[PDB]
Amino acid sequence: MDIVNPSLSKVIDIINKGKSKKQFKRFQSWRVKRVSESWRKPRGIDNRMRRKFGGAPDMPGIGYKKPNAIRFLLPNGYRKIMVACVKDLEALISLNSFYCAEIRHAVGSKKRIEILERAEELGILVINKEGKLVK
Amino acid sequence: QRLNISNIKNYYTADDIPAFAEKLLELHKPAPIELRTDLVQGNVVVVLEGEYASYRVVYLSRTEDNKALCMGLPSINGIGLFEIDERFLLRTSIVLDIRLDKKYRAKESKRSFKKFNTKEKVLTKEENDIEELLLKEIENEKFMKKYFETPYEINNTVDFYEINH
Amino acid sequence: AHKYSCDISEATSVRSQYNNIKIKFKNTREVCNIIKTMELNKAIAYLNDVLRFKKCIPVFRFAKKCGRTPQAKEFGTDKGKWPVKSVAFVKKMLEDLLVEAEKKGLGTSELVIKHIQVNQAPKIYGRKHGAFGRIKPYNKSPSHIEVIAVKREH
Amino acid sequence: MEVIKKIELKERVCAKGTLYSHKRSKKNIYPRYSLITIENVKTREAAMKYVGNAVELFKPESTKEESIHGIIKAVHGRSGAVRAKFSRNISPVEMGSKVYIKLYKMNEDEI
RNA sequence: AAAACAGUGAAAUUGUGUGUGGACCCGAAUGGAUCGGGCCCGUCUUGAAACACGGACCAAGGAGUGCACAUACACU
Numbered sequence: 001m002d003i004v005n006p007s008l009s010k011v012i013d014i015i016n017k018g019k020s021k022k023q024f025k026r027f028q029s030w031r032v033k034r035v036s037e038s039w040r041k042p043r044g045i046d047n048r049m050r051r052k053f054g055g056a057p058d059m060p061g062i063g064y065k066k067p068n069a070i071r072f073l074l075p076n077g078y079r080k081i082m083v084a085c086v087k088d089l090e091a092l093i094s095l096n097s098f099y100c101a102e103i104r105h106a107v108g109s110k111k112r113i114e115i116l117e118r119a120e121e122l123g124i125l126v127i128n129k130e131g132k133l134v135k
Numbered sequence: 007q008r009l010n011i012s013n014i015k016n017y018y019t020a021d022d023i024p025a026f027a028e029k030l031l032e033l034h035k036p037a038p039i040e041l042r043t044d045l046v047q048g049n050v051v052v053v054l055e056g057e058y059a060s061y062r063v064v065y066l067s068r069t070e071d072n073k074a075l076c077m078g079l080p081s082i083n084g085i086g087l088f089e090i091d092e093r094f095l096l097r098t099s100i101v102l103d104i105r106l107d108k109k110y111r112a113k114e115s116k117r118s119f120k121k122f123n124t125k126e127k128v129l130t131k132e133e134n135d136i137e138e139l140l141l142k143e144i145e146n147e148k149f150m151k152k153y154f155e156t157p158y159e160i161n162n163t164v165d166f167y168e169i170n171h
Numbered sequence: 002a003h004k005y006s007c008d009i010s011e012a013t014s015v016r017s018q019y020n021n022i023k024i025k026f027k028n029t030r031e032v033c034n035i036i037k038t039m040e041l042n043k044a045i046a047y048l049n050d051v052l053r054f055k056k057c058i059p060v061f062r063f064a065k066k067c068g069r070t071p072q073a074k075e076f077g078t079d080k081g082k083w084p085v086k087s088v089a090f091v092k093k094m095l096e097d098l099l100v101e102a103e104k105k106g107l108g109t110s111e112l113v114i115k116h117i118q119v120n121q122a123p124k125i126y127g128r129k130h131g132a133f134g135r136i137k138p139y140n141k142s143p144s145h146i147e148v149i150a151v152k153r154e155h
Numbered sequence: 001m002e003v004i005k006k007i008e009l010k011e012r013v014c015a016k017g018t019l020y021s022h023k024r025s026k027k028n029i030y031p032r033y034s035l036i037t038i039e040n041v042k043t044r045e046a047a048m049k050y051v052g053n054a055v056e057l058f059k060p061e062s063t064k065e066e067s068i069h070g071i072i073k074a075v076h077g078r079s080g081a082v083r084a085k086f087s088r089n090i091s092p093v094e095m096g097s098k099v100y101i102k103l104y105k106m107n108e109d110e111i
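Chains as they are written, first to last, in full-length UniProt numbering: chain A, 1 to 135; chain B, 7 to 171; chain C, 2 to 155; chain D, 1 to 111.
Where hints are given, some of them may not hold.
[Claimed, not checked] Under the rule of at most 16 angstroms between Cα atoms (straight-line distance), these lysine to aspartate or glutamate pairs were calculated in the EDC-like manner: (1) D:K6 <-> B:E159; (2) B:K15 <-> A:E120; (3) B:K121 <-> D:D109; (4) D:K49 <-> B:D91; (5) D:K59 <-> D:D109; (6) D:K5 <-> B:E159; (7) D:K6 <-> D:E94; (8) D:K42 <-> B:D165; (9) D:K10 <-> B:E57; (10) B:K108 <-> B:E137; (11) B:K116 <-> D:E94; (12) D:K6 <-> B:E32; (13) B:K121 <-> D:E66; (14) B:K73 <-> B:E89; (15) B:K127 <-> B:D103; (16) B:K35 <-> D:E108; (17) C:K4 <-> C:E111; (18) B:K121 <-> D:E2; (19) A:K87 <-> A:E130; (20) C:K66 <-> C:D79; (21) B:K35 <-> D:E110; (22) C:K129 <-> C:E154; (23) D:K16 <-> B:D165; (24) C:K37 <-> C:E101; (25) C:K65 <-> C:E111; (26) D:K105 <-> B:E28; (27) D:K23 <-> D:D109; (28) B:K113 <-> B:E145; (29) B:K120 <-> D:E108; (30) D:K16 <-> B:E159; (31) A:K10 <-> B:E89; (32) B:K73 <-> B:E28; (33) B:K15 <-> A:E90; (34) B:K15 <-> A:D88; (35) A:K10 <-> B:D165; (36) B:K120 <-> D:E66; (37) B:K120 <-> D:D109; (38) B:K35 <-> D:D109; (39) D:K42 <-> B:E89.
Hints were generated in silico from the structure; no laboratory data involved.
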């Protein structure tokens with residue numbers, strides 16, 4: 001869509017290139033199909049990952065948490081709020097400097113048209129703008 | 007207040023973010039680079055980078071911070087008037103006695119290039135003029151004309167910093 | 002209706018498919034594998050030689066402990082076989098496509114076997130009695146078949 | 001053919017060296033830094049005069065990028081070898097290759 | 001004992017086509033050979049990679065609960 005928050009425009013690329021792409025897969029989820037990828041802490045008496053031997057993978061923890069300012073920020077430099085009514089946009093009228101709107105999936109075509117018309121006149125960014133309404 | 011905002015929005019006071027943005031910008035700002043002192047009008051120099059590398063040329067002026075202006079000899083070695091980063095020049099102890107009337111500007115010689123300029127060569131009045139000045143200082147001198155024609159070659163048998171230029 | 006397993010134009014092609022056939026799965030795919038990309042008249046000629054024990058079907062995937070044979074050298078291997086029951090069925094199936102080709106107004110020549118595939122059909126259950134008062138399975142493994150032939154652009 | 005010309009241009013103006021290892025202990029490797037030897041430089045005092053200089057790895061058979069740039073950061077050991085940093089990490093397949101030393105200094109940010 | 005809708009139609013497992021590798025995971029890369037680190041989990045045990053036991057594969061089900069009687073804490 002190629003849009004950016006004006007307050008961060010000259011900084012956003014540093015921020016984006018700085019985000020981690022680490023994944024914390026569950027131990028041995030690569031060995032048997034019955035174990036999903038979702039993280040669970042290992043609790044075995046012998047387990048090599050719990051005991052932190054070199055060569056085993058890394059475990060999650062507080063050290064990896066991002067700085068408080070950068071956290072929750074989308075790649076366009078805004079935070080997101082969910083909307084499903086015309087009367088919801090009315091809340092964003094004070095916050096449009098830092099927040100943007102994302103219309104919920106279940107809202108149908110006829111109603112979406114009414115949301116977008118209101119978004120234009122109030123000056124609010126909607127990130128699902130194209131959505132289903134491309135046809 | 008409407009229920010969408012009383013929960014989601016609560017994560018951060020985002021009014022603080024401008025202060026963070028400034029501090030981050032400061033930290034990743036480039037360091038300064040020093041303008042050199044060692045070069046005098048009419049010094050011969052050797053080009054180290056880009057399409058004209060290996061040739062001797064004559065230094066004319068500082069231009070735009072680290073940018074400097076040089077002339078080849080379109081008759082002798084075919085190189086015209088150009089601009090380059092002043093660090094891409096190796097100094098040598100020969101100085102010609104040229105003095106110029108006015109400031110002039112030319113295309114930059116970027117470090118990354120795709121293709122050679124084998125053809126399409128022409129000259130301006132100022133290129134003509136400056137050649138017809140430089141040439142006078144060169145004609146009177148013994149082997150100087152040939153000196154400008156042979157490319158430079160680094161000695162492959164001794165450490166560079168042992169040699170003098 | 003039937004969704005054939007790939008996309009080729011209705012003009013310039015001829016097709017057939019069958020379900021739950023009562024020829025043996027593993028034998029049938031070794032037959033189909035070797036006649037892929039072959040010209041239709043060549044295919045019918047080759048399969049006639051297999052019925053007479055003059056040429057063989059080579060084996061590559063379902064092939065453990067199989068016999069070695071001088072006829073396999075034509076395909077750069079030692080191992081081959083003569084599965085008569087599967088060959089008779091495939092031969093009939095291919096001959097019918099030449100009827101369709103002629104009737105449709107393509108030539109009887111320049112047709113090439115572009116697609117052919119075999120799939121497993123559901124098992125038919127049976128039993129055998131063993132020693133010490135046991136009963137063990139004795140099932141049958143049928144198959145499904147598709148073919149598409151196209152005219153060479155040349 | 002531009003490749004044949006770009007080589008001869010570089011050959012006339014640079015010193016030559018070879019890439020031989022990453023920075024490593026007996027057990028672990030640190031692939032962000034690489035070790036180079038320069039042709040006729042054979043003491044630590046001689047090698048100090050190159051700290052700060054630009055280096056280039058040129059690879060004509062590459063489909064992505066024809067050359068990688070870097071900088072010499074420090075001397076290593078007592079027999080004139082050095083440590084350098086490049087814009088991208090050097091692959092183990094690229095060890096043994098020829099490197100060019102460029103006779104001008106650059107800043108750590110430029111690479 | 002099993003067996004609901006002539007709905008939707010996951011995983012194990014099979015064939016065909018197209019790509020990438022020779023058990024696989026983590027860290028770092030190339031146009032391209034690869035480099036460094038890692039023994040199979042759960043469990044009793046002073047001590048498990050064990051020549052200790054359980055585990056062929058996938059789905060679904062599957063184990064600190066309710067009442068009575070004294071009790072210490074927090075809240076009214």
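Restraint status (C-alpha distance of D:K6 to D:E94 at most 16 angstroms): violated (20 angstroms)
Given hint B:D165 paired with D:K42 - CA-CA distance at most 16 angstroms: holds (10 angstroms)
Given pair status - B:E28, B:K73, alpha carbons within 16 angstroms: Judged against 16 angstroms, a Cα distance of about 30 angstroms means the pair is violated.
Given hint D:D109 paired with B:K35 - CA-CA distance at most 16 angstroms: The hint holds at about 10 angstroms.
D:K23 paired with D:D109 [C-alpha distance capped at 16 angstroms]: Violated, at roughly 21 angstroms.
Straight-line alpha-carbon gap D:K105 to B:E28, limit 16 angstroms: Violated. D:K105 to B:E28 sits at ~30 angstroms, over the 16 angstroms cutoff.
Agreement of D:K10 and B:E57 with the hint, judged by alpha carbon distance not exceeding 16 angstroms: holds (11 angstroms)
Holds or violated: C:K66 to C:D79, with C-alpha atoms at most 16 angstroms apart: Between C:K66 and C:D79 the Cα gap is close to 12 angstroms, so the pair holds against 16 angstroms.
Hinted pair C:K37 and C:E101, Cα distance within 16 angstroms: violated (19 angstroms)
Restraint check for B:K120 with D:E108, where alpha carbons must lie at most 16 angstroms apart: Violated, at about 26 angstroms.
Pairwise hint evaluation, C:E111 against C:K4, where the allowed Cα distance is 16 angstroms at most: Status violated; Cα separation ~26 angstroms.
16 angstroms Cα cutoff - pair C:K65, C:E111: The hint is violated at about 37 angstroms.
Of the hints listed earlier, those the structure fails to meet are numbers 2, 3, 4, 5, 7, 11, 12, 15, 17, 19, 22, 24, 25, 26, 27, 28, 29, 31, 32, 35, 37 and 39, in rising order.
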